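A single chain, nothing else alongside it, follows as structure tokens in the form deposited in one PDB entry.
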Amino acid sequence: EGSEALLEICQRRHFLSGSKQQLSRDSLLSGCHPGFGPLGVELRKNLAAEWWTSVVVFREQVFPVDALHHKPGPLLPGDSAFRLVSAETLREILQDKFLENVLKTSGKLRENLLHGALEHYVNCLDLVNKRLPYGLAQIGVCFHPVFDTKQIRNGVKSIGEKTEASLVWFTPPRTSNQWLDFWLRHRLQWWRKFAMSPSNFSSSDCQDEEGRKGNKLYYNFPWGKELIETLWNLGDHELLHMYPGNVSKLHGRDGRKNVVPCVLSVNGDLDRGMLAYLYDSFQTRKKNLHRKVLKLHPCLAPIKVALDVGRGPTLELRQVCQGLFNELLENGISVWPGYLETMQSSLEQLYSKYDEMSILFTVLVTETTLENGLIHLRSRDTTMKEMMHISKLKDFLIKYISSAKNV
């Protein structure tokens, strides 16, 4: 069919995701995949960097925060759904005499990261001089319980890891609605930014069972819409519940009055967003062009420039690339260290390999580069060659990225 199956080819192959012959959309969405390949990690890091730049940076009164991956044992209400079994089957009580059986007062792995932000809000209140409008952002990996709901061979609930970026924003209650609408619009812009087909990203409104109104963002995967980013009006009730001893300490200042801030949580899944970007970048029937390529945005592609050499009469002279490669490493431009395999690989094969690898530009150094230095530059978006010059490379690439950053 080629829908979610052909993509998995040239996905595990070019190490954008772990290679275990899974090819299961359910496994990926669940987060039970063994892991992501180096290119997948690089792409996720690029997406996280873009999110940080567009959230913490170009936005005042935003500060970082870190949340622990594990929670303390004591004072832990609730219990695991699968763990709770006491209906029957208690014939063997031969055991002599925390211990116990109701959760054992033991620890618990975190499912959500905004709890740490809520806990650290009290310490971060003094950062903005108790100014009500301000937020804390954090990117972190959370482990969730997932069960296939089929058979009993799986047995205990599986656990899936997923990286999410959560921002908790404290705003005046009066302007909570308009601030939430503006935040939803900004997130929609950001997701539509770096999007090859922005229409696939969609938004919807939802009503909480308590009565709180929120927004849900979905990506239209080939099989169906999947939630990626969720905005919820926390309602401030749980913050008060965490500190019932005295609320006179937590009241922030807005204008010239003191009020308890309203909390909005915007949580986006970097694990599911990256898959959405992968799917969107990939395009089939009566196309007459072929040439499968992952057209990721230049601003968050994993690899920018790939270096190579060709028809070099004196291969020893290839060190012209060396240093230049190092020069490209300065100012944070990622490069694919080619010119090492040196097998008899056809130019078209190498170009296809780089295209499937989502490389913006391909640089080839030839014998005509030592004097009047011109290097053959090929573009991912258009398979067309250029000559250009060495001294114009670095800045140009930076310009390109900069010009990609803002439309």
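Numbering follows the first chain given and starts at 1. Here the rigid core means the biggest group of C-alpha atoms that line up within 1.5 Å when the two forms are laid on top of each other. First, how it differs from the form deposited in another entry.
Looking at CA displacements between the two forms with the core superposed, a shift of 2 Å or more is confined, among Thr314, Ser199, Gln189, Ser204, to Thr314. Relative to the superposed rigid core, the position of the CA of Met388 differs between the two forms by less than 2 Å. The rigid-core alignment places the CA of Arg13 2 Å or more apart between the two forms. Relative to the superposed rigid core, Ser24 undergoes a CA displacement smaller than 2 Å between the two forms.
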Second form
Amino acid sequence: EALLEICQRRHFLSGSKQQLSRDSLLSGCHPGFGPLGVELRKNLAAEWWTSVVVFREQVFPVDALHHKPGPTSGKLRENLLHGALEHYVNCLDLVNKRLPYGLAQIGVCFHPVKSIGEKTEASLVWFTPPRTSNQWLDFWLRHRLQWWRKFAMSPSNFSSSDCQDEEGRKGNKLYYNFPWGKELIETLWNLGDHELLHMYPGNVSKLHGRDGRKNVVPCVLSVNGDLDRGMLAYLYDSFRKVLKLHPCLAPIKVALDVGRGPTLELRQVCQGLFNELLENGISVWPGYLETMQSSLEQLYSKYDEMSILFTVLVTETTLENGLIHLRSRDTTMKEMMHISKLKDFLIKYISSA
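Next, give the form deposited in another entry, keeping in mind that what was shown is the form deposited in one PDB entry.
Next up is only this chain, free of partner chains and other molecules.
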């Protein structure tokens, strides 16, 4: 595949081609991610957190440990659901026993493969009154599917499938239509209160949450996303060789450059602009520090393969009129913008995306 070569070369992935196969990437046995894959996954996690936790008065963070202590010897966690349930009674003090509410987490879960695979998964455990369980499951199915389709170049590749458990429990399964086939990226389950009662034996008055004026033992719903396979889906979705990652998912937003001279004033201007953009939450690629001078075609190809939204070129002319050369990944059309207005335009472009 050309995409895997690009991802290795542009430091989205790590290791050799032998170590990076489809199965190793889908299992968690790959050696890791490059400095750009780390930032793309950070962007995915930030967007998931913003969508799910930030704009909800009822969703709270939770801290589930990596190891399952005790029964003879402990193990490594396989899902974040089990650790979230242990916080249910304690987090009823935050919402004052009001229902519904949620607990959300992003962490690494270890799955047997005998090799060991690590997956970064984002999970929400939603405690809802039993009468509203199906409507909340449908709501979260729609919300999650539209979140996945929001950053997609082709939203029709993301799909959904109504499934069912062994115990006859209604659920759902999201997918991404990878070139070889469909792979499970998210799974919503309408578990019920079986796990809450099994984990909290004894009196059930400790587990009572207020469905309006009626106390009730909540039905548990679980959403479990896949951030590693999610960013692999988005890398395949984005892919003249250019990775058209979403402006909110592209690891690096802008790339600065220079002219031939005068180096002393141009580099001071570039350092000032570089600090200006970093103070405003815009990741910059310091291309003005490169010791090799290459044709703009080669530099543009390099920046396109890395998903650089804009290329800023500071020349000696900038010292006179303050104008910089701005290039666009999507259109490849060069425009002139005053260096004073650059930060506002970039923030506008990233936010309005």
